[PDB]
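**Q** Fit chain B with the ligands to the known structure of chain A by using the hints.
The lines below spell out each chain.
There are 2 protein chains.
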Amino acid sequence: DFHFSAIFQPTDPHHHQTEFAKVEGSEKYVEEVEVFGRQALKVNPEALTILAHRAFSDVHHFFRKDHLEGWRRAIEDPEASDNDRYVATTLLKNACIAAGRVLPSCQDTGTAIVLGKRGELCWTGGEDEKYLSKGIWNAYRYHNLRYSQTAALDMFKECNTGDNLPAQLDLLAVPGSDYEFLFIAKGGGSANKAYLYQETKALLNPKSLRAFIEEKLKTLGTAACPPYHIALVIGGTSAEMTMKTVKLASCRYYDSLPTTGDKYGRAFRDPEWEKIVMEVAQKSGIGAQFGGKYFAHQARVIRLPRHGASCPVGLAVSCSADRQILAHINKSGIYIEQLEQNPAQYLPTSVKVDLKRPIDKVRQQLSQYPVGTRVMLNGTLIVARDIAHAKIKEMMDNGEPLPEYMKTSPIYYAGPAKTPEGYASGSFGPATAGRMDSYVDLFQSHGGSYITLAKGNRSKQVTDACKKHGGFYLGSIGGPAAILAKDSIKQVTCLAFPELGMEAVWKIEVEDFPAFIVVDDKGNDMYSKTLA
Amino acid sequence: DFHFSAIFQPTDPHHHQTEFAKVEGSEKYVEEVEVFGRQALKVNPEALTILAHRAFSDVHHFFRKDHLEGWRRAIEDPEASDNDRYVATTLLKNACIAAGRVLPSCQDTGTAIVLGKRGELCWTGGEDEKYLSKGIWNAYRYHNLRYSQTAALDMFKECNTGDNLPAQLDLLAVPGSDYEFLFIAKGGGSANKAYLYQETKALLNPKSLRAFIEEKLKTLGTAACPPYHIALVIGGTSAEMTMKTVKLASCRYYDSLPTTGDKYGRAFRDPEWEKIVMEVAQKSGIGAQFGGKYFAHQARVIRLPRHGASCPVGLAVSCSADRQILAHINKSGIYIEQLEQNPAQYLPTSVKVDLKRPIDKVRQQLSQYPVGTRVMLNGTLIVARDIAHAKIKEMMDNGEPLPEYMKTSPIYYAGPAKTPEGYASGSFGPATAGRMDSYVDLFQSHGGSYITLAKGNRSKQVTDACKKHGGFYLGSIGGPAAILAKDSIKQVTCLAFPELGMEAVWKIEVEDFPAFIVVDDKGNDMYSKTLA
Ligand code: SF4
Ligand code: SF4
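These protein sequence lines map, in sequence, to chains A and B.
Going letter by letter, the first sequence gives residues 28 to 375, 385 to 568 in the deposited numbering.
Going letter by letter, the second sequence gives residues 28 to 375, 385 to 568 in the deposited numbering.
Read the hints as simulated data drawn from the structure, not as lab findings.
Careful, some of the hints might be misleading.
[What the hints assert, rightly or not] Computed list of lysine to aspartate or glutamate pairs in EDC-like fashion (alpha-carbon distance at most 20 Å, straight line):
#, chain 1, residue 1, chain 2, residue 2
1, B, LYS184, A, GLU226
2, A, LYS454, B, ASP28
3, A, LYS358, A, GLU242
4, A, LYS234, B, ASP181
5, A, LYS429, B, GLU226
6, B, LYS69, A, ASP181
7, A, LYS234, B, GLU226
8, A, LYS290, B, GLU226
9, B, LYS234, A, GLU535
10, B, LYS120, B, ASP523
11, A, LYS290, B, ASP181
12, B, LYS290, A, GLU535
One chain only, chain A, in its complex shape:
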């Protein structure tokens, strides 16, 4: 009466539907042997370094077809808003710049994540984590990427690791003699939009689930640079299993799962509720960052078994920097997923704001316009994000004044990637505004941060602060870090806190920097209707 049923039963477990390229000459890293009558593969662990290096290089300059098709759909759909088409066009042009292999597609070159599946008889010598980490180290050190990892020296004392390590290395033991991989360069902002809900059987009916989806999609907001790949996982054997599943679903790793359940509790994709997620996303009006239809590229919904007392639910997105690559090592060598090298084939007024004026004159000009107005910024921005804000608040709590450089220019929340030789700037797109919300009222009450520039919707405290203090929040397009660096950023200099690395305070000169007035000085917020 015993019947074993694996939870996950993909019809394409080795991902034959994906196109792979062989690393030339890589069959020299492997050797087929036989021990105790069974076939085994000896793998020179230097293959893991080579593979990880190429994976975490390529993934920053090219995209998958299904991601690029979504941007074209947003341009060509008659039901797309004008802002949908504008944002999607910008992202596609950004992808064309990134395809030049110098600038990465986003300044947040992400956390390096490796899902590895080592066959029982795949023999590497066992130092996989070291050799994989060396390849990741190579990719981030020898390319114009960014060191984004923050080490905790104690509970509160932190420093940048300076090399984008440690990686997340999830190496699984599986049958056979091959080594299969999914590499993910996961941005922090989209990682932050991975949510776990602890629900109950009372959720599991059509009316309750639909209302739940409507409520939760809004909480994603625009803070992870939509259009999104939206993944929703209902059920799971534990919270951590639910969240791992929703991550992998967002990477389309589970696309070949069955579409029906059975009495053994196997996982399945639910295309009907995928359609419902897309309808909710489209009718939400949130759009591709600034109102419209293209909140989402596509949706994945995976229904899981559950303990009768339990119903964990995971919701997560893949963002505009949709960065994963499949790979495998076998008797023939090293194979890596082929991404789209020619994104250009998918490619079918505003207010000039002079920032080279007194900030009060800039505030006066912005006050003339409603939320949703598109602006083009020309002049100096002061760049500061999470740690700089915390240090400055800490200074003020010790009686120190708000520094003068926080009062002369708009504050751009951003952290740049490394600058290529001969370039004015590396990739340099915006950070999530909402993480700095707790500082705006304080800084504005001390005569600074009257104008901020970042991406994402903000909390009500920021709307109230801008109305109280005559302030503004400007929304940059989120994601197009390469085209901003190439076309808009003309000069970059470190102004304060150099030891923070990318989180130092910078002074940058920009030209033709596009943004929308998201919050004005009158209590208005262009997200108040769609994200209420």
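**A** Positioned in the frame of chain A, the structure of chain B with the ligands alone reads:
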């Protein structure tokens, strides 16, 4: 300049601090060999079946020393409340019954979770998941446990799998030639108290972190049968990594981690913040389920590296059914963690309520007493939990009456384990009340469910309903399922929905069933002060 640093660097990676017993004759399942100059281990996969069967059998009848010591501490501490000592004494006596190897310590025999670490040169034949699942199948089929897994036939249509499968099988590839394991029998209610928070750098200071802990600990409530092993994880490379870490911390799997960080971002335990967590738990007054000092046995706090833009935070507990077992297979055979076989060595005014009356007479008697009154129930209980409530609401939505059996007796939210031969009842302790909160006002408005009996604090809607309709919520002690079955439950009959398995409606005859009045018919709630 490259330096590899593993995130997790336990000083005791193989758990030498744990005592193990070898399965007699199990060296016949293993054979050390040497291939290509390296030491390897051949493992008959039947070893995995034998090991999983014994692990998921033993863990339901015995506990670890640090768990039992916590209950003794709550009994002997002069600062423990009377309710602290009463609950801890009850749980310790329950453990004495479970040690008889017939009744499991809790009716929720949990989800079967396997963390396995297969060495590069540990050769099983590769069918580990099937052979592990067979051993788990054996444990739940041939012992007096419970089938708790719910399969989804489609998004909403569900059935019990009837065998407690599927398991969660997390099998990792690691160096060496051994096979190391952590087996967890995870209750659904404590699995539900695994929470993920998406925080920011603004949290990472002493004042903010302390306030955060005070706020989140209350949201655990009493719904997972405290005293808790409380685990808190600050940081992580992804949501799913944070939640896996907090699970393992709650199992004391990471106890030998370093206690300081470094520039490479290694994980560490923070004993200072473990003490602060314990201080918050004790000063909360929540106590061991019914007010006092012993909200928590102990605390684990792990600080993790993070992407600069990210700060995931995990909070989770191990409950009174604290069930994990370490194991390993090596050249000498199968070794399994030795649990405490003699829990008795740790062992150093109520109102009689006659349920054999019209329910209105029972309500009148209960109305004479304040919340916090300890009560002893004698008579019939009608048993119904999540799916039965959902089915009954569906019937009423179709115009059908609230069933008669929802009106005659107090409703006990519970699902029994299997009945041992010759016993009146299998283990039969209470389910989490809060999951049924959305039905109370509706059912009471239709003349039923005036008295409910379960465990855990409930939402304000239930307090309002009981006051509006003259109802009561009685709190059973959470956890002591074996002693309740042995001493209190005299007769068990299936009443409705037999196809739901443990989730059928039952009619049981009880004697001397202890409970507290948690919500009365006047708007009072004995958790209103401690869980506000
Ligand atoms: S596209 Fe946006 S959310 Fe994604 S990594 Fe870049 S900044 Fe972060
Ligand atoms: S002790 Fe309580 S929380 Fe733990 S498994 Fe049993 S019923 Fe669930």
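**Q** Confirm or reject each hint.
**A** Hints, verified against the model:
no. : hint                : result
1   : B/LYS184 - A/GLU226 : 17 Å, holds
2   : A/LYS454 - B/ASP28  : 18 Å, holds
3   : A/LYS358 - A/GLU242 : 49 Å, violated
4   : A/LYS234 - B/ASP181 : 16 Å, holds
5   : A/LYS429 - B/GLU226 : 18 Å, holds
6   : B/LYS69 - A/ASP181  : 43 Å, violated
7   : A/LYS234 - B/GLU226 : 31 Å, violated
8   : A/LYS290 - B/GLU226 : 39 Å, violated
9   : B/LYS234 - A/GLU535 : 25 Å, violated
10  : B/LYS120 - B/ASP523 : 11 Å, holds
11  : A/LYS290 - B/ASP181 : 10 Å, holds
12  : B/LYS290 - A/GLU535 : 14 Å, holds
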